[PDB]
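Just the one chain here, the form solved without uridine 5'-triphosphate (UTP), laid out as structure tokens.
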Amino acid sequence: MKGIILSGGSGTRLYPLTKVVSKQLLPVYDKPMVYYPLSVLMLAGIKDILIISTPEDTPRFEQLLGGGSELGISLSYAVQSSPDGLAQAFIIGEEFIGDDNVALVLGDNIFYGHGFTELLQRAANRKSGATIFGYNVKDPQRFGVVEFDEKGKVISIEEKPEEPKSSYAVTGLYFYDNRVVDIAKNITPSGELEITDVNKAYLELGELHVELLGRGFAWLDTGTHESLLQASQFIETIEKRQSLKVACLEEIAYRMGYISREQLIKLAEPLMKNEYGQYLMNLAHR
């Protein structure tokens, strides 16, 4: 399975922070925002990843992350000329995807919870159908909304429904089989090519599966100044009090066996006259 990070968009709501800096390059505590969704692809077991951003921002992401070899993965880059919908990721990413299954994660989404990687690995390993992730939010009408009623079997999915039919937002993380590329080509503007029609396609096939994230999963709003700060405080809090790191790419690569001890030490050194190395050195001499 391949992955795609859709990491473009306008800065507007975060202005002036985003006047000369890409949204998904802003700090979330101690890491660029894009580390977080990248880490979710990695934890899923996905090692071949395309990062799509604006023509302006895409060279900056390449500069940050390069081709991915120091994490033991492959990163490629393409450009979204204009933000005409999430489903465009599959048109732009058509050649990258090939015949493969593919996950899409949004560059501003932040996921956390103790059972989360098992959930990612399971979704990555379903060769058929689509898996989405629902999250109990206070303001359903601001997102995609999924209704189920079971048994947890999906019954409808509406984008920003004037009145909602559940408390469950459809978060910015989606797993697909290869049929998604023909599906994206075949949907029509709602002016956006919308991820919610992609998901309605799987639903009419009866092959749209939802993971409901309840106690105790986090999904962090990254949209406003206040919610960016909240996200940052959450990561710091959980890292400081529970002695773990969230989305530490180097740690994740090492723990999944992608890179060796010696490769990790090399990644940590240039970072030693700082903290972030130190946690990496502690880990590399187990």
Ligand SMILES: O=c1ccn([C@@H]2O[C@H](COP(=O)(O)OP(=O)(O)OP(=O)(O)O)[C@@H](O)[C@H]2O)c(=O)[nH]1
Second form
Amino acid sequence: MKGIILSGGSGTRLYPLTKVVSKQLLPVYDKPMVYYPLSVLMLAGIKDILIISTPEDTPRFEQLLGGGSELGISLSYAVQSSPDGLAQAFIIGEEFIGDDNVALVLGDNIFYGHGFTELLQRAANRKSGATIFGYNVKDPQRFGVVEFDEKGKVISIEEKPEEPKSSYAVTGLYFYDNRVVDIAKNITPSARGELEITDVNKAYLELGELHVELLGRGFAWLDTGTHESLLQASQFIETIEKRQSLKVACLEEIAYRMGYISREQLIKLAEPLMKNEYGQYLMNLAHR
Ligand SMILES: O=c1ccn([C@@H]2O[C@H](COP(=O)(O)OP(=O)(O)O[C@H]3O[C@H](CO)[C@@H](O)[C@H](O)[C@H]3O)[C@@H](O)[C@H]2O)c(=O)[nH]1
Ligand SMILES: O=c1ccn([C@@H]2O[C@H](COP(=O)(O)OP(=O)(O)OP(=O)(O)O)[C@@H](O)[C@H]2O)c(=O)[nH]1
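Since the structure above is the form solved without uridine 5'-triphosphate (UTP), I would like to see how the form solved in complex with uridine 5'-triphosphate (UTP) looks, so please show that one next.
Below is the whole assembly, all chains and molecules, this chain first.
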């Protein structure tokens, strides 16, 4: 399984924070927003990852994150010329994906909850079909909406329905088999002029292999689209971390716990950062 992080768009709602740079380079409490979805692909066991952004921001993600070798993974970069839809991720990434399975995650999505890694690994370990992740939300009409039966199996999926058939939004995290590339090539732009991830999901539903992992209320799927919600997301993260003395989406910690890097390698990473609390945290993990 490879992974893609779609991390472009203008981010106009956040202006002037995004006057020059992309929204996914902004802090969520104590680390850049993009760390969060990156950590989710890493916890899924995915080690070969493509980050897609705008022409002007793609090099800034590259400078921030590098090629991944210190995390024991491979990061690649590609540009999206215009934000013509989520599904364009698979066209942009066609060469990268090759004949592989692939997951897509939105650069601005933040997931958190007990047992989440098990769900991720299960999705990533699927050899066939698609896994989406549903989450009960206040205003489902603002999202992809998944309708499911009493055995948790999907009956419909609709992009921002006038009349939502359920309360469960389809969040920005998707796992696919290799059929997604030709599916994305064969869908056509909606009325808003975008290649819709919902139409990709529709294709898998028709194929009888659209699986939904429903995330209950013990999970947090956090909003980062407004200044207000960015701030709430940062406060949520702070409360979690300061109580536990454990960090959410610390990439180096994840690389170590996943076995991508060794203990000796982790200590090497902590050493040049020991003047700050993040470095000290990595060193304390090394001692665990
Ligand atoms: O071509 C694009 C289109 C979007 N984005 C970014 O992707 C994220 C999501 O885009 P957004 O406009 O906020 O969401 P919608 O496209 O309106 O909704 C999508 O994302 C929702 C989850 O937030 C899903 O529930 C919907 O099904 C799916 O269409 C944002 O950070 C965008 O900047 C890109 O990077 N490139
Ligand atoms: O090093 C890590 C480990 C986990 N996580 C994040 O912590 C959340 C819970 O992660 P898990 O799904 O591992 O559950 P847990 O740690 O609460 O339970 P144990 O199995 O350890 O008893 C998930 O959202 C995951 O992404 C990190 O951010 N970093």
